[PDB]
Amino acid sequence: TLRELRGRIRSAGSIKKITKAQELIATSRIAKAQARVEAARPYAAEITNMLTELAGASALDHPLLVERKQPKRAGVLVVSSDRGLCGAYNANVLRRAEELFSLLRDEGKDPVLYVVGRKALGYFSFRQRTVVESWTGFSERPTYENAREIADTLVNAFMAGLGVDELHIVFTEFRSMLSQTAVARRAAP
Amino acid sequence: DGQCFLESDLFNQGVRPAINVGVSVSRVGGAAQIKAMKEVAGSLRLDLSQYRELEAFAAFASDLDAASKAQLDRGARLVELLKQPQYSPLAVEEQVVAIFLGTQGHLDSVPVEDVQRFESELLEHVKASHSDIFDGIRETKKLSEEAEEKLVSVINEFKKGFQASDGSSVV
Amino acid sequence: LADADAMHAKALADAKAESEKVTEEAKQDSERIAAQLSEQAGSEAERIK
Amino acid sequence: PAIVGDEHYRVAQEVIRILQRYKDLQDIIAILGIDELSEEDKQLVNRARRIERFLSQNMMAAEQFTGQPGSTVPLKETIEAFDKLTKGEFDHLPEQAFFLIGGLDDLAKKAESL
Amino acid sequence: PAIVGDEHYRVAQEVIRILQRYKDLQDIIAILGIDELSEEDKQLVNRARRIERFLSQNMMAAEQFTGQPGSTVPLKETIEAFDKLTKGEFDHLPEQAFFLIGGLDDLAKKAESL
Amino acid sequence: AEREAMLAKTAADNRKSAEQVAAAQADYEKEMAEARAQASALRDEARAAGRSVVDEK
Amino acid sequence: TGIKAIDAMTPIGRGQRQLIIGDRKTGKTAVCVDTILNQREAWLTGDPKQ
Amino acid sequence: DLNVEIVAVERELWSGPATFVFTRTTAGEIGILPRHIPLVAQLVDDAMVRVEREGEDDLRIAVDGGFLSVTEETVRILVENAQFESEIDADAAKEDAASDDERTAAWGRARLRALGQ
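Protein chains in written order, with the authors' numbering: chain A, 4 to 164, 178 to 205; chain B, 350 to 520; chain C, 51 to 99; chain D, 358 to 471; chain E, 358 to 471; chain F, 58 to 114; chain G, 151 to 200; chain H, 3 to 119.
Mixed in with the good hints, there may be bad ones.
So the derived label-pair ranges between C-beta atoms look like this [to be verified]:
no., chain 1, residue 1, chain 2, residue 2, range
1, D, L471, H, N5, 58 to 66 angstroms
2, A, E143, H, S88, 28 to 36 angstroms
3, A, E189, B, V461, 54 to 62 angstroms
4, G, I171, D, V430, 50 to 58 angstroms
5, D, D462, A, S105, 37 to 45 angstroms
6, D, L471, B, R487, 33 to 41 angstroms
7, E, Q453, D, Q453, 19 to 27 angstroms
8, A, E143, H, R37, 44 to 52 angstroms
9, E, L432, G, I171, 30 to 38 angstroms
Under 7 angstroms between C-beta atoms, here's a sample of chain G residues computed to sit facing chain B [to be verified]:
no., residue
10, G152
11, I153
12, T160
13, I170
14, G172
15, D173
16, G177
17, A180
18, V181
19, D184
20, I186
21, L194
22, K199
Simulated from the structure, these hints should not be mistaken for lab results. Heads up, the beta-carbon is just placed ideally off N, CA and C, and yes, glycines get one too.
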């Protein structure tokens, strides 16, 4: 009916403006995020250099460098969004996380979940696997105070052995504005 | 008994003739199409329709699996293979070879910026020597086993003889 | 080092020999294409006449 | 259900509920694509797209266009297949596995070809 | 390229490409400013700004107001001028050097006097 | 100085052996690519000469 | 027809009807003129069946 | 001769030349001059830095959980958070030093120490 179609052209003509605005806001924020990545990079390089020098002098008997006697459990940290509209970003993270689970349970470790973001906390609220701890309010603007708490909680869960024999992180690696993928890294041991 | 729906979006992008597959079809055709053409083109309609959907999807994805990416790059080279200039009707003995190049994957070493020139030089080379391929197709309607091996022995000699406008020689 | 330099001398001799084969094949290729376009020129002049 | 029996009618309402819900999401799907849906809807649309493609068949009359032969699927193997689909048994198989295929044995074969 | 020469068709398709990129980038230019663009995109916008200026002409209708005579640019000079301009051969000239100008010899005359 | 120079020359000659093997491959493929490109330029020159006789006729 | 796309994907048999539907200035005439031009390779042979 | 950097987990926060820089570490208070051995040390929980160079008068700093790395040619100091004496507030630092949370009390003392008290 023409009245319906006129309304739908009015609707779609509003949405085209609101999505074109958020394409341009996301085009601002990728530049700010790349600035904060390249500002956090020189510290990460110098802490790696300092840690290489200390490991050169050390006996290396620090717990985070050694395998547990029985592979009882594994931690997975999954990093994901609070905002929607991100597209396949969370689909890719959550698919790579479920693939990591298949490999871990193939070795015999059951995963235990730590989650950053509200979308993955929704996904693991629908699929009946528990989350041990979560964080939500900062995925678009993470601050070191947040990563301090996450890394403390992960290291406490590794050193507790109610504890994990290894732990991993699943997140998307930014490699260009046109190319990113979900990746899985073992952070400990 | 069918339609060749010419899409103005494809025509403005420069795909000419602008045959919009899936919505274009022939419902009598396939009975009358000569056996060699029917052997080479027997999947090409389906391979182009699945390319149009796969591209309309993947143009807004960061990355995809290697089998899908191979199907996409094949499809984009088949689209560059099918276009041709006005008032240049090809004889069927030249059409079936031009579609053999693309469907059998011999274009997979050639970049999308050179593919139309690659077919244009190859179809003159095979018109100048090895012409028993074109003559055989014309006089028996069939791309026989002994014409197929004699074609693949010539396409590889031409691929080493060819150089893209950017990148290396082909293989 | 004598094996490596012997392989360099061998590879340069092989490359010049097959380069001579490619350029000889191209002398045929340039006549072969020029003949087909000369036949096209005669056919087009016949069409006009 | 009085005429086709309960197991047919249950399946033929579960299939229609699913495709109806997918068609009532199509206005969002057209703009944003799949991932912006909620997980209870995204679960549904993933099976809806499989059910939608699995209602295709290689017909006896299609042989004059596709060259492939035609298939016949008995009513019992039809009900069973859509019962398993609507209960979610096949959600790990890709959408391309379901196109133009006759029955469960031929679905299994096509999935193993991929 | 049948009715006009291949060179004319190529130059016009390239001018359209450069102006199509710039008409896409004008949203970023207005919302985020020129500094948001890469070195390759600012190298394009520098050419695109100059191309859209070089499409302007001092013409025999404007003789009424400016007193300066209107200019005719031959087709061959127009093609050759936009071929050199799209290949960037005037990037070191400011935009004001391209406004209201009667071909390539006249561009040199405005640009050296500016 | 001789015993030090013997191991110095042995390690240098081995490093140059690996470099000379790489240079054998790189010269072989560089000559091959230059010759094949020259064949394409010769055919292309003959195709343009063919076009020139077509329009001349 | 002597068009690669059409003789590959939508082959025109003799006594078929084949609709060259499209928009304005889309080459509909150029597909038909290419089809009519192509037949000269058969018209030179005097037999009424080619 | 020496060059100095102060670096934070998220920023290259400050850098200049150096000819005297001083730090207090779980081993004690230590100065570093234009030639010094390679050193690694951890700064105290309530820790402050003073940075001095041949080009100009020195600079005064508060640091949280810092680490120090030296070689005679280059010096780098690596920090969880840092605040300059021109940006530390005396009422906020005094309030933080009165707090019951151990890191906040240490950071309060760190900012009080950069404020010369």
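Okay, the hints, checked on the actual structure:
Between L471 of chain D and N5 of chain H the Cβ separation comes to about 60 angstroms, which falls inside the hinted range of 58 to 66 angstroms. Evaluation of the 28 to 36 angstroms hint for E143 of chain A and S88 of chain H yields a pass: the beta carbon distance comes to about 31 angstroms. Distance hint check for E189 of chain A and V461 of chain B: the Cβ-Cβ separation is about 28 angstroms, which falls outside the suggested range of 54 to 62 angstroms. For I171 of chain G and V430 of chain D, the hinted distance range of 50 to 58 angstroms is not satisfied, since their beta carbons lie about 36 angstroms from each other.
At roughly 27 angstroms, the beta-carbon separation of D462 of chain D and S105 of chain A lies outside the given 37 to 45 angstroms, and the hint is violated. Remark: the range hint 33 to 41 angstroms for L471 of chain D to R487 of chain B is upheld by a beta-carbon distance near 39 angstroms. Against the hinted window of 19 to 27 angstroms, the Cβ-Cβ separation of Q453 of chain E and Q453 of chain D comes to about 58 angstroms, which falls outside the hint. Remark: the range hint 44 to 52 angstroms for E143 of chain A to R37 of chain H is upheld by a beta-carbon distance near 47 angstroms.
With their beta carbons about 37 angstroms apart, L432 of chain E and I171 of chain G fall inside the hinted range of 30 to 38 angstroms. Among the interface hints, the one on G152 of chain G holds; its C-beta lies about 3 angstroms from the nearest C-beta in chain B, closer than the 7 angstroms criterion. The criterion of a C-beta within 7 angstroms of any C-beta in chain B is met by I153 of chain G, whose closest approach is roughly 6 angstroms, and the hint holds. Proximity of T160 of chain G to chain B holds as hinted, the smallest CB-CB distance being about 4 angstroms (cut-off 7 angstroms).
The beta carbon of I170 of chain G is positioned within 7 angstroms of a beta carbon in chain B (closest approach about 5 angstroms), and the interface hint is therefore held. Look at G172 of chain G: its Cβ gets to within about 3 angstroms of chain B, closer than 7 angstroms, so that hint holds up. Checking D173 of chain G against chain B by beta carbon gives a least distance of about 4 angstroms; that is within 7 angstroms, so the hint holds. Hint status for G177 of chain G: holds, given a least beta-carbon distance of 5 angstroms to chain B, under 7 angstroms.
This hint holds: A180 of chain G has a C-beta 5 angstroms from the nearest C-beta of chain B, less than the 7 angstroms allowed. Using the Cβ-Cβ criterion of 7 angstroms, the hint placing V181 of chain G at the interface with chain B is satisfied: the shortest such distance is roughly 6 angstroms. For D184 of chain G, the suggested interface contact is upheld, since its CB lies about 5 angstroms from the closest CB of chain B, less than 7 angstroms. Taking 7 angstroms as the C-beta cut-off, the interface hint given for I186 of chain G is violated, the closest approach to chain B being about 9 angstroms.
Proximity of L194 of chain G to chain B is violated relative to the hint, the smallest CB-CB distance being about 12 angstroms (cut-off 7 angstroms). Taking 7 angstroms as the C-beta cut-off, the interface hint given for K199 of chain G is violated, the closest approach to chain B being about 14 angstroms.
Checked against the numbered hints above, the structure violates hints 3, 4, 5, 7, 20, 21 and 22; every other hint is satisfied.
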